[PDB]
Amino acid sequence: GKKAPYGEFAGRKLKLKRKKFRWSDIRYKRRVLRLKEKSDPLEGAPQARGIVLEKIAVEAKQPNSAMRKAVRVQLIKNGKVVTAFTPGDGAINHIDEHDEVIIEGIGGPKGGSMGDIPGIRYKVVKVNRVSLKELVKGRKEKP
Amino acid sequence: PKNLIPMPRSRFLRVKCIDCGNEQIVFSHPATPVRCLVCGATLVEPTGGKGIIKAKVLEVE
Amino acid sequence: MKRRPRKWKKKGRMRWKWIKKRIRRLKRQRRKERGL
Amino acid sequence: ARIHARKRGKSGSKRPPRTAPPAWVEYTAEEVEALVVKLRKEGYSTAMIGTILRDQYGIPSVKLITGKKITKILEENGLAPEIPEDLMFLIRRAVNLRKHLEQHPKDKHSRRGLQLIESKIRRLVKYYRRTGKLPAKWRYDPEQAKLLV
Amino acid sequence: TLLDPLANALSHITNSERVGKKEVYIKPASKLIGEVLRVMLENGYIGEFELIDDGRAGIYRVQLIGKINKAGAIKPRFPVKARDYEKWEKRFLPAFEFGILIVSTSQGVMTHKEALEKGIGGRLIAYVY
RNA sequence: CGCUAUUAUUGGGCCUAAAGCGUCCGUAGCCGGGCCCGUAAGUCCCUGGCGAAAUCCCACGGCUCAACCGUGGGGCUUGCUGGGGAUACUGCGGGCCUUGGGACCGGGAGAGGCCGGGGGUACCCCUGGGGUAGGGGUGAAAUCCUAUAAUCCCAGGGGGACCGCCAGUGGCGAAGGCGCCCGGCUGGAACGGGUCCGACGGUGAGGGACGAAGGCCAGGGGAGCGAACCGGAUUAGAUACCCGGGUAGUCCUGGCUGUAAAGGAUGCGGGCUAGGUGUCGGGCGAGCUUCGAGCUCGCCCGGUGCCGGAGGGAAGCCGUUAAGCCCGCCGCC
RNA sequence: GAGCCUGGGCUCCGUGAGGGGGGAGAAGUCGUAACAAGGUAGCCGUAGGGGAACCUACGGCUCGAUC
Ligand SMILES: [Zn+2]
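Sequence lines, in order, name chains Ao, Ax, Bk, Aq and Aj.
With positions in the first sequence counted from 1, the corresponding number in PDB author numbering is that position plus 2.
With positions in the second sequence counted from 1, the corresponding number in PDB author numbering is that position plus 3.
Quick note on numbering: PDB author numbering labels position 20 of the third sequence as 20, and the sequence is numbered without any gaps.
With positions in the fourth sequence counted from 1, the corresponding number in PDB author numbering is that position plus 1.
With positions in the fifth sequence counted from 1, the corresponding number in PDB author numbering is that position plus 1.
Hints should not be assumed to be uniformly reliable.
Cβ-Cβ distance ranges computed for the label pairs, FRET-style [as the list claims (entries may be wrong)]:
| # | chain 1 | residue 1 | chain 2 | residue 2 | range |
| --- | --- | --- | --- | --- | --- |
| 1 | Ao | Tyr30 | Aj | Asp55 | 55 to 61 Å |
| 2 | Ax | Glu26 | Aq | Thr20 | 25 to 31 Å |
| 3 | Aj | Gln64 | Aq | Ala2 | 35 to 41 Å |
| 4 | Aq | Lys70 | Ax | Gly52 | 26 to 32 Å |
| 5 | Bk | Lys10 | Aq | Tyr141 | 54 to 60 Å |
Here are some chain Ax residues pointing at chain Aq (derived, C-beta under 8 Å) [said to hold, decoys possible]:
| # | residue |
| --- | --- |
| 6 | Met10 |
| 7 | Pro11 |
| 8 | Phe15 |
| 9 | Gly24 |
| 10 | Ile28 |
| 11 | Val29 |
| 12 | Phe30 |
| 13 | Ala34 |
| 14 | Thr35 |
| 15 | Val37 |
| 16 | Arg38 |
| 17 | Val41 |
| 18 | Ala44 |
| 19 | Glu48 |
Note that these hints are calculated values from the structure, not bench results.
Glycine residues also receive a C-beta, built at the ideal position from the N, C-alpha and C atoms.
Given these sequences and hints, build the entire structure.
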């Protein structure tokens, strides 16, 4: 019926009600209990560095048909292995094994997979301290 | 004007006993047997609702 | 158990009663294997 | 009667707004009390006293012909009840019910009535403690209450 | 059960006005109700209220004239100072001088304009417009 | 952070989309009827002592204006404290009231519950008499009963469960749920009431009591039905639907388990916002009468249904038995 | 009263023969359980059974069509 508690001296029951039903929204739970910082391989960072081990291709989801070029990357902070997508037309040829490469988020809902390649959360930005955009446009070279 | 103040539907009665000629005031919705205070006969016998008067009604207050 | 009636609706699903029968069998196997 | 069954019943009394006794009453305030005491010593209760006075002797609203009520009239004399009437009646009902439930164990629908009667009892006990018509630690026990009726 | 008769009275008024009635009967009477009706009469929202006497309590008989849009009781009865009236105005009324907040002060029940002129605060109990 | 009235005091929602505990009784706590007297704790006004500076707002002035700096006036410092004054509201203290609730009397209603006794048909088995070849069963058939005389008819004996039509859109009960008759014990509701007490009330975290079927423990009993099981068919196959048999179980005593589409898929109390027409109980008033605890018509109260106007809603639909406007408490998303 | 050793409690992490189920993924095998009376109406609860969807029994609900 009418909303409770609405009295004038019912001050702490209202606080309790709020504090109880505010554990149902993930936005508060995952921020107070620090779950992302716990399961994150980047240790709470925007960027990270690693070394390349394997160059591979992934299938695009339906109803699209394409191979997306990616690489496995073993991080240097913690040693965890992740996967990163190489953007641009021919960006995979400017890369090789044992090259150091810098890793960003790919851009997606809830800091997550973007578009038609799920399973990939990260993106390559720099190769041996040079930028992929330049290496792909033809303005700089990889040392 | 409207039916705002509830008024009782029961009335007090002044009756006369047909045996001894005694006169007495009684209630018209009794929950107990009503008897004459002189000879002890029955004047009103109780029911669920209005009582059945076994006497002569002189007046209705 | 807690039951959500949403699950009784049979579109895209097998029947809920049979899923409930499957869940208890798995629970009995797991519980026996530990040795309780 | 709403306390447990939750029904909206209306079968009460409709008194008129009177401020003084009518003029057709025969008896007077000094005989009304004598009749009250006579009926009490005959053995009736307050409600039955009032009912009889209304039906036979034609006396409405004793508190009009007298500025005081029946229980005051009795406590002035030596005829006041120590345990009030409501509580007493409820305790009698409960005692008889226990007597019968000891021999009909599996009735199981009258035990609930017993529980409800006891709830009523405890409500009234908590009321009367504050006002002082029972000591501040009076309790209800069936075995001790057998010895009140 | 019955907690507040003032709210019942005011809601009965709103409903009867909304549906187009002439007279309104308020069974459980009080003195707050009389004072509120007095303020409403002085400000011109009703006409010709009278008190009828039965043995239980009072009854109030009121005439309506068609100058009410809304009316209700403020719960909880908030305390208010002589410096924070525009807040509750903006909260309960639609324009800057449109309707009346009814306040209970240590000098009696009054409108917030009178209370502000006198330089006092109090507790909030009702609003009308 | 905002967008987000997707955390909702302002300001959300729970018939069908996420969401009412299975239902009741009650502890703390929150909310609490009307008048009178008092106090002045909360609340309101006036004033004294404190809440560093920088930071924030405004005007003026100095570095070209500005950003910046300076003089002054205000706020911020979620407030603490010393006094004076007021008494509408709340709290505390003391008296009064009867409208809410409770107690009592009366005549009635009802498958409410427990105990004891007496019965009604039907079904199954057995024994006797009669009679000769098929009976049952299906979409069609076969497994099965039958010449050691079946099905069918008659006379007797025994046993276990159930209480048909009347029976209702009906009634009682917190819900689960409750239908043969007579007798005893017992719970609750409505009506009528110038009867008694005198606010004794609402909801209820935690806690408790009841709670279909099925299942378990211990003891008895065992007609019909019948999970499992076994057989015959149907089928590409048929671990099934159909047929013939059958164990636990269904029943009584004494205990555990505590679940369901436990559904009005609609939490409980209180006041308000058009009515109409049926039915159940009680009461009142008129007319009929075969003088019947009888028939018909109208009114008040309470229960239970069908329509429906304003009004509400995403709509279906609800609509004084709200899913509408108000005053409250608890559970949940 | 440090450090060292010893026992206990709480707690975090890594690993392990073998096994368990979950989620995705072009195209595979066996069936055809649900939506129409979906070809035995569907679904809740309890219990037993089956390669698998599933089938039966007791009590319930209509969110069930035809007369
Ligand atoms: Zn006589």
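Tested hints:
no. : hint                                : verdict
1   : Ao:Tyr30 with Aj:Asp55: 55 to 61 Å  : 58 Å, holds
2   : Ax:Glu26 with Aq:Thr20: 25 to 31 Å  : 28 Å, holds
3   : Aj:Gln64 with Aq:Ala2: 35 to 41 Å   : 38 Å, holds
4   : Aq:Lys70 with Ax:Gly52: 26 to 32 Å  : 29 Å, holds
5   : Bk:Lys10 with Aq:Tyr141: 54 to 60 Å : 57 Å, holds
6   : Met10                               : 6 Å, holds
7   : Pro11                               : 5 Å, holds
8   : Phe15                               : 6 Å, holds
9   : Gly24                               : 17 Å, violated
10  : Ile28                               : 3 Å, holds
11  : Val29                               : 6 Å, holds
12  : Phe30                               : 5 Å, holds
13  : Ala34                               : 6 Å, holds
14  : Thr35                               : 5 Å, holds
15  : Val37                               : 5 Å, holds
16  : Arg38                               : 7 Å, holds
17  : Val41                               : 12 Å, violated
18  : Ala44                               : 13 Å, violated
19  : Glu48                               : 11 Å, violated
Comparing the model with each earlier hint shows violations of hints 9, 17, 18 and 19; every other hint is respected.
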